[PDB]
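Just the one chain here, laid out as structure tokens, in the form solved without this ligand.
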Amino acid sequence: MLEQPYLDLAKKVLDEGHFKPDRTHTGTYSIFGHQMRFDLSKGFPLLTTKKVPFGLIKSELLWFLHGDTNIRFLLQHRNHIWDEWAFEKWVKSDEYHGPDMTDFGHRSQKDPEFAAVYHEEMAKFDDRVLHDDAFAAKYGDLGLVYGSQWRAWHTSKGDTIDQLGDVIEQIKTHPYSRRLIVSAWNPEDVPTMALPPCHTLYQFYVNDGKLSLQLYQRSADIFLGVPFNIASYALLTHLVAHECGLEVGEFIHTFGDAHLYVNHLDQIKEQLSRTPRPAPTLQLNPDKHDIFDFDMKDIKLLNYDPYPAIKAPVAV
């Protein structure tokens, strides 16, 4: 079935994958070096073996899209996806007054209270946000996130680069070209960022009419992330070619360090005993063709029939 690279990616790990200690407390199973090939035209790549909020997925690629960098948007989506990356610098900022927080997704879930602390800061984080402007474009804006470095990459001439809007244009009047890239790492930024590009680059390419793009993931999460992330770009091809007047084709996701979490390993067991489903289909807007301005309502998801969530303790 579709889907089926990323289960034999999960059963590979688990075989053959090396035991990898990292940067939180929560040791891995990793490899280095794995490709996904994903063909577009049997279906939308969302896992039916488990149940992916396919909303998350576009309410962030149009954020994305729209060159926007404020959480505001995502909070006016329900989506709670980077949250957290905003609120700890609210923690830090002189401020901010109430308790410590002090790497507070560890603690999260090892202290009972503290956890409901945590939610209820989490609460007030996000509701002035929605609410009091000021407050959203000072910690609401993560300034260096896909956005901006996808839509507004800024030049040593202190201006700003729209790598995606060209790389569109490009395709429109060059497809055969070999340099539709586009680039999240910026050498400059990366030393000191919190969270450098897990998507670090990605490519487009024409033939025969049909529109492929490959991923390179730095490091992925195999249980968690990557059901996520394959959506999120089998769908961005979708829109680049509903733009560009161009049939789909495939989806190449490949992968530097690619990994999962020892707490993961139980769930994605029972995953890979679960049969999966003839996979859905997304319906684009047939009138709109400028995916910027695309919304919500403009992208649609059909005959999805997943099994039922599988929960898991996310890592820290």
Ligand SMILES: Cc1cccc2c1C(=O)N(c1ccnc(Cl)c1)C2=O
Second form
There are 2 protein chains.
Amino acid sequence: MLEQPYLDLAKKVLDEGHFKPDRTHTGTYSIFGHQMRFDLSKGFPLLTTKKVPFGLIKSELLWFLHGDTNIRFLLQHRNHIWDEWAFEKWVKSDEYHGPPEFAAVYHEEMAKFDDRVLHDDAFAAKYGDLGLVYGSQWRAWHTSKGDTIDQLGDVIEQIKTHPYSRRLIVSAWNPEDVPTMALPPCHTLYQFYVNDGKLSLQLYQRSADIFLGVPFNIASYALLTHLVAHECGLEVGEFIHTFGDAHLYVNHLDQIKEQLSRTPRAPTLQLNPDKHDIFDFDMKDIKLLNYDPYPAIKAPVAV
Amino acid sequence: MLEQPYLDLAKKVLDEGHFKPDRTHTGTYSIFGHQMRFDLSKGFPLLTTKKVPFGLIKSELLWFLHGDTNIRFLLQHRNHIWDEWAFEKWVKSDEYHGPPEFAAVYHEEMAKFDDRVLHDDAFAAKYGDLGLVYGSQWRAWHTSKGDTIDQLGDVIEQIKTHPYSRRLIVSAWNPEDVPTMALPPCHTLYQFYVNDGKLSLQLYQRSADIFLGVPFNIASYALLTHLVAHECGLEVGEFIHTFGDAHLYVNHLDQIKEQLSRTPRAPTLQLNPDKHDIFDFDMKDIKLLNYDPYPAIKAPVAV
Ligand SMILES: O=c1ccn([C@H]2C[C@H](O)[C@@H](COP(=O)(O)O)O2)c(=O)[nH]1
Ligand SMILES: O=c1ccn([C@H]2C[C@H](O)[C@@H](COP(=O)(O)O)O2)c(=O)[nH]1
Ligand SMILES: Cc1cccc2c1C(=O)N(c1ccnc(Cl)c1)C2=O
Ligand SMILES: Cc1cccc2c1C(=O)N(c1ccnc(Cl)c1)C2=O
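I've shown you the form solved without this ligand. Could you give me the structure of the form deposited with this ligand bound?
Once more the chain from above appears, this time first in line as the rest of the complex follows.
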């Protein structure tokens, strides 16, 4: 099945991984350097064996494609993926006043913050704006001359003109910023590849939470490859997912067994037949057919 | 054998690669996304089946470790690897006067240039200095504030303090410079990894000439892993070589058969037992034992 490689990497790490401490202080089982391929011509690799809300994948990806770094857009779409980190520029702040039942009055203050990012421009501008996150790296990289490079936009022209180039690289890794930056980007870099009609994409992912993060990350960049083939009028080849540290968090050990005895089912993807400027896609330009997942598995997001 | 993965990737590309045009206009057989592992504890992976001059690998690597970008240091060591690209800032120049038997009077003007880089400081400074090449990317990355980051140096402290970090990334890919730069770096990025006593390193290599380039590149970064384990007092785990476009150039098709019926032999590496500041290694701090290669195979360096 299309998603076997994901199931194989959970198996491998579980049966061969070596206990590893982590920044988080959860602890992990980990392997270094692993690859999976997904032949995108065979269907779209959204995990069946456990539910991965595609609404969520595409809003965030469209948030990336626009060069947006403000939670607000994600909020206009019920996407709460990135709420945490915007909340902390406010959870710490000097414009801040306010406070187990943390489990419930954390929600009360989260529902507050969401609300006024959603409606108060000045608050949004100060707390909603996540800053140095994939939208800026991708389409507004801060040149040393105080300018800004549209990196993805630039590489798509190059796919169109010089499809055969081995330089079709977009990076998210900025050595000037990674020392003191909230999340040095997990998706360090990717590279496209055109051979005879088919565009492929490889992601180098420095660090991978296999239970929680990877199901999504596969879809974000599988989705990204389609969208880029679409705009270049190419067919789709493969998505290659390459990993540094691929790890299972130790509290996810239960869940991943749970998931591993599921029996995989694979959806198809449908792109607007008459739009091509992907920087200009909204949610109805991307449609997933025949997604039939098993339900969500409850997992403690390890720190 | 230790070098089988290299032999397997030449086989794979030869038996499964798909004709691909290239910047060069030689043409190639290519695959996208491939990985090889070399367990450095089992011996050093310098190809036996064809000769790879280790003198050359280590001078260039020490040239990198010093943050040097001038051909001169390579010249003081009979390393001619990078002569070409320094010659062109002079092969084109406005301080330039001078001129088949290009095959022999190319050599006459190369032997001139080498000589006076070797001895004339001002010429060296103008023509020998390659500029934006792995030494600057690694230990002097040009911050946006006109400063300079010692990136490798910085990540080695982090290995020492935070060995378990999945952020141990050094990159050579600078989006501000890759549009108009002689060689966008083929060795785009690498990442270290420490699990229980053993340091590992993964290289993401965007583009790989499998006959000419890869034998060297394996050794440069296998060598790099040792040197870094050594300085951190770690043992050595694996070198993982990850590729974008791994290609055979079409004029190398003969040679790589020639090489493929050779029968692999694997050297050992010996590091100074009493030095650790690798930024301060000279050539006698690195010694290779029991290297026993088959001889060099003559190959047209495809553009
Ligand atoms: O898209 C993402 C973003 C984050 N992570 C995970 C990987 C790590 O477990 C954790 C924090 O990363 P480190 O900086 O500690 O590597 O978040 C993912 O798996 N996928
Ligand atoms: O260390 C190196 C440096 C260069 N190349 C090769 C790969 C390509 O065949 C050629 C030029 O690279 P491109 O920019 O066209 O990808 O040089 C290597 O294999 N290894
Ligand atoms: C809500 C939820 C629930 C389960 C798992 C995940 C998320 C989420 O936002 N992400 C995520 C995606 C992209 N970037 C980040 Cl920081 C996180 C997950 O991996
Ligand atoms: C002399 C010779 C002969 C055969 C093969 C190679 C070289 C060389 O300098 N390199 C090389 C290494 C690192 N960077 C570059 Cl641009 C080239 C080769 O791959």
